[PDB]
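A.B. asks: Residue strings, one per chain:
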Amino acid sequence: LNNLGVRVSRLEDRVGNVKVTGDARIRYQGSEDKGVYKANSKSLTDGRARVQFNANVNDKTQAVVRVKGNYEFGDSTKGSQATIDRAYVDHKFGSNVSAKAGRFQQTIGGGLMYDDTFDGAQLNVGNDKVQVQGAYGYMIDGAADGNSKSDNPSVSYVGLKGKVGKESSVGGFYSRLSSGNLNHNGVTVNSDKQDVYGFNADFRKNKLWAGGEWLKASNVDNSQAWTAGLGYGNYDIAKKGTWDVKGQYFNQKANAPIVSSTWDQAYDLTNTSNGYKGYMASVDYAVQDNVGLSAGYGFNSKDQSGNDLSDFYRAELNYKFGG
Amino acid sequence: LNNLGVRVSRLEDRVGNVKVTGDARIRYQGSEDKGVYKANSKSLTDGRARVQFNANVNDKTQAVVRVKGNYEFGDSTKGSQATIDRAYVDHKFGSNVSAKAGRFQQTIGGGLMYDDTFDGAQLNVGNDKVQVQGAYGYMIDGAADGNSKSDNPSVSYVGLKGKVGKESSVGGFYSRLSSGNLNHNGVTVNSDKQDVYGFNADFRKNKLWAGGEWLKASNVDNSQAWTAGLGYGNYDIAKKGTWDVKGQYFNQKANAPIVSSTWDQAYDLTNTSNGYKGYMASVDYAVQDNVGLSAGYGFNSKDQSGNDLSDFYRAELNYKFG
Amino acid sequence: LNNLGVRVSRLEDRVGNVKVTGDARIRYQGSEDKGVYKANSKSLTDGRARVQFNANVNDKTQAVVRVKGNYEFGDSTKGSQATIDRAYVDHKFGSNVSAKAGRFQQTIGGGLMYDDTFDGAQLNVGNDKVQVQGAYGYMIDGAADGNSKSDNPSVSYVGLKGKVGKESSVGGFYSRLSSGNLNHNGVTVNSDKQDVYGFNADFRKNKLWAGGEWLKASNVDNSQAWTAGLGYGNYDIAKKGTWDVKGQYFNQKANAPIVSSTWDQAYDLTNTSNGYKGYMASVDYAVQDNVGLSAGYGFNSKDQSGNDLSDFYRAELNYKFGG
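Residue numbers (the deposited numbering), protein chains in the order written: chain C, 100 to 422; chain B, 100 to 421; chain A, 100 to 422.
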């Protein structure tokens, strides 16, 4: 039987701990007014390929390295340059304490304020029913792009997430942003400390979904940003024929900090100087295994003063590697 | 006993997923006149390291991601920047119909006009003897590099490839390029729509190869470009000692669209302002398994008006992974 | 069992040759004076993610492709670009002669002058006792960065290394550098040919180590450089609890070619106007398997004329994969 022993010894020679997964997305975005997605035009057809190496350093720690490449269909000015999107180490300090260090993905609150790249440290204390997440670091994506280390506002975040049943989670968050340069309406302007606090609710009774979120900066006037959505579906990308539909409403005031929202609304701190207010309806359908088509139509877009904005619409296909 | 079976199953988990392959190359190019390969010099000794990830999305769809890096031997100005060279998804809608979407490699016709990166979509029909390939998108590499999306000419291509004889292949193609910016002799000029069309033949039998191709723009004077060549050998990089020799002739006129040809000629639309006409003799030899050595000598290079261009010569070593 | 044997054979069929390894480092560097590590600041905290593919081309040859990405915590101006750091092919013409071609790592002598990226060819000839390594190429990193081929000085190196006793090694080297540009104190200066010859010794016994290196440019005045260090420890990142400590003295003159030293001194030909002379103490400890915490404190930093320089201090975590 030692023959199979040496065969599996050879097994753990030429394979190793690294598991390679990833995805590839082909997306089309557009609007009826020029400049929403690509300057001087009203349509952006682009694609992205991501390859993620997940390696186990030891039994109690693992690290992740993701190589990401974006391109636009026909854009030949520069090569589809690869960028290390995620590079972090995940320590597991037992059954209740976990930590992340490096360039990971952070979600401030329910994701309305920020869900993207974040260089720093994160500590998770989890009862498995009530969870606490505390982060310290720097934002990288969205309205926080283009800032050097001495201009990028540091984020000190503490968030609580509890469950009120099966699949239903409520939560809150409190974050402190230092003085730094943020991008409003394409202009990088400096701002003082902000104490952004908010709450979110999510309910998944049966296959019905009902979610909402409200965040506000404590000291900055006119900063209340909230969202509220309903939906029906059972969307699983790995299972064929599982669809989903949802409709949601966004209301972001003039000074509301929306750096890079987890949602797909087209107006945030970078795009607007007078807020955003309107609906968006999204649809998902897994056409094949590990292949998913998505569509979205955002309408009734308005400014805070009653002015009118541009409707938008997107449609994309996502494919996964591993399994 | 069962634990070993569970370990074998865990191995079985990570085998049908992402498969990592690739290659490396150490190449040297030179010419008898400066500026053909590198600005203000007559030689360029560089390399390349490509790593590709063939991942099966599911039993009827796979995706390919390739990371490449080009560095000159001694050029320390910039780093060996890694680029996503290929990023596409390939679908099989049955036994014959297939499709590709994303940044994939397109070969317009036989490869004399373009065989390189393509941004768009491709549809393949046909079972085993007649194959129809319809591509729609944008060229990226070659004479179409440096253009933006709004300046890049859009290619609508349909090509037919028939199998004749035991393994001979004949074919033709018709492609339409929208108005856009293209690189003529180092300057980006805006050309109108073109309707290019051509034919090719490839008769190979008993270690003897004879190939030919001819393409032409419909509404452009002196735009035809053709190649014709012979060869003898059984080259196969995965088998040691499999040599190969070949010799071929190119003649592409001043307006002939040669964006990035599949052959190793040093002159195309980017380098020549009045055409190209000359011979090239090439040799290949697999010195080891999965290792190959290639050499090439392009001579008799002349302009369409009799002006004499410069000879060129290349020597490269390609190592194939997996 | 026979069916399981056939299954193991089938799995062995689908194994390929590419083995994915790598590492992830989170580092902090600082100095008592600004400009040593980062411009107009006295602290530089950053991170690195490297993923290495070891492909086995055939029985007597392999190739290596390394994708490396360096980022700074908070620096969002320029993305964490992925660069091909190593790309080379290794040939084995028997049990004695080996060759390398491409972009690999070269260790000129003991590593004080250079242990970093190299573009060219290398040839190793020798048995288990004596090794002779001859390399022709270009330096890419260190003080030779930022140069094109026409300015990058070609390096012709030949180094002999003989093992004395067990786990201890002595050796020497002779290297010839052509005329080219080098980054002296932030200014690219064109220098003529150099003939740098040197010796090194590395005595290891049980858990104690005594190392020394001395290199000199033959035709350049005030170009001598040397280091001498003593260490105690049994460091091995793959094993938990294996500590290590060492203390070493660097004395390198104004014209001594120190492009990219394998040590951790911050003053090498690129931020020195009058050389470097001072001590550095380093402490390593593998806190977990494949995880290692390192710290370093360089003090008594002075010029060759007696004018003092700035202290420096570093602290980093290294995570390794694959093995």
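Any given hint could be a false lead.
As the list claims (entries may be wrong) - If the Cβ cut is set under 7 angstroms, some of the chain A residues that face chain C in the computed set are:
| # | residue |
| --- | --- |
| 1 | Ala148 |
| 2 | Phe172 |
| 3 | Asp174 |
| 4 | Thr176 |
| 5 | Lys177 |
| 6 | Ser179 |
| 7 | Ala181 |
| 8 | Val386 |
| 9 | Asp388 |
| 10 | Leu392 |
| 11 | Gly395 |
Treat the hints as calculated values from the structure; they're not laboratory data.
Where is the CB? At the ideal position from N, CA and C, for every residue including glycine.
A.B. asks: None of the hints should be skipped; say for each whether it holds.
C.D. replies: Against the structure, the hints come out as follows:
{"no.": "1", "hint": "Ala148", "in the structure": "4 angstroms, holds"}
{"no.": "2", "hint": "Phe172", "in the structure": "5 angstroms, holds"}
{"no.": "3", "hint": "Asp174", "in the structure": "5 angstroms, holds"}
{"no.": "4", "hint": "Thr176", "in the structure": "5 angstroms, holds"}
{"no.": "5", "hint": "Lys177", "in the structure": "9 angstroms, violated"}
{"no.": "6", "hint": "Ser179", "in the structure": "4 angstroms, holds"}
{"no.": "7", "hint": "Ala181", "in the structure": "4 angstroms, holds"}
{"no.": "8", "hint": "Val386", "in the structure": "10 angstroms, violated"}
{"no.": "9", "hint": "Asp388", "in the structure": "4 angstroms, holds"}
{"no.": "10", "hint": "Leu392", "in the structure": "12 angstroms, violated"}
{"no.": "11", "hint": "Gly395", "in the structure": "20 angstroms, violated"}
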